[PDB]
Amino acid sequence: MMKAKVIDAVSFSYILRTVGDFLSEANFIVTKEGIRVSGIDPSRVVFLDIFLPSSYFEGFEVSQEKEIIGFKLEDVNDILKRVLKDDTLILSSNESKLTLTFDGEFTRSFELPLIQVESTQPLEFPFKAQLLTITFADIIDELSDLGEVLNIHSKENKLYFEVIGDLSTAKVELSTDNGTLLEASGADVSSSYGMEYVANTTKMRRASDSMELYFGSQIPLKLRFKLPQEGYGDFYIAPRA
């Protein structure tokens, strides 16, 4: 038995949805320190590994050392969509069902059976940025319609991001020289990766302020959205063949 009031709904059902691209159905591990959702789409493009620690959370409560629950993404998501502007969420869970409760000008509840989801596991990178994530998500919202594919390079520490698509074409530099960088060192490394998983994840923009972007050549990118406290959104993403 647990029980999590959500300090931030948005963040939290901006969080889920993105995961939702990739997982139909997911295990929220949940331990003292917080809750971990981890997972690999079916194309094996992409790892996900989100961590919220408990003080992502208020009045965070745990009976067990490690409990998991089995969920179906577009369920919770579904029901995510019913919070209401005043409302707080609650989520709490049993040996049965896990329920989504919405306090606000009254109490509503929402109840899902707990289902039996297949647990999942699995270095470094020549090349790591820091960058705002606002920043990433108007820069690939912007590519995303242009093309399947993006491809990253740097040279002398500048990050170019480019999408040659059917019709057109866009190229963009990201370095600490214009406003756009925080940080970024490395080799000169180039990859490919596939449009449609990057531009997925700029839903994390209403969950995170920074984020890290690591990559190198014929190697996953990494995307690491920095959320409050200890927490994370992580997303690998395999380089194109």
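Positions refer to the first chain, counted from 1. Basically, rigid core = biggest C-alpha set you can superpose within 1.5 Å across the two forms. First, how it differs from the form deposited in another entry.
Per-residue Cα shift between these two forms after core alignment stays below 2 Å for all of 148, 142, 74, 105 except 105. Residue 94: CA moves less than 2 Å between these two forms after rigid-core fitting. For residue 84, the Cα coordinates differ by 2 angstroms or more between these two forms after the core has been superposed.
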Contents of the next structure:
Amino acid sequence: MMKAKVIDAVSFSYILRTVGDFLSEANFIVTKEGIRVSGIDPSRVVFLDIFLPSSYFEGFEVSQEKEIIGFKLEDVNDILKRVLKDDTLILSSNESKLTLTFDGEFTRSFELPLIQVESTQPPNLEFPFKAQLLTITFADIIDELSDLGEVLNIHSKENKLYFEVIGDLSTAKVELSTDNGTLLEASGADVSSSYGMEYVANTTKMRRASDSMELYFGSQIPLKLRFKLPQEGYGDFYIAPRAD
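We have the form deposited in one PDB entry; now please give the form deposited in another entry.
Next up is only this chain, free of partner chains and other molecules.
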């Protein structure tokens, strides 16, 4: 039996909507430090890891050392799509049911029977390049480019970040630097890699739950997107590089 209240229910709902792009089913792993969601997509290209610390919630109470709450992303998202502008959200549970309660205009409560979901967790990593930027800057650029191709090319040059889509009779390019103000910080070697555009584009909904993000990549190593949530929360997405 647990209970967690999110004041910004809308933003929380966009995190789960993002997870829903990669997973059909998942487990909320609930402990005294907060709630964790991990999973690998069917194509096995993306591993995702979301952690919402207890302090991320307005109220947080647990009865077990470790509670595992399996859910179907479509079903949880159908409910979360019912969220109103200024709703707070309370996630609560027992043995059989997961309850989502919206509060604000009036009080509305949905119950989903738990389902049994097989657990997850795979392989700490060194990256030769790290960038820091506003999530909205990232989201805007990736939405724009996502219609232009199937592969996103990323490379660094003298602490500058480049997003590239190589098309037919066209090539699209964006320069990200501290100088042009698009990056907050960028540091590391000159490296180059490419990733599936669909996977990267799926993370752009995190703009509604995150103001700041971190970007890590290297040659033939994953693209790591860390979306910083309040109170030390994060939404991590590791995307495998396309074969070279």
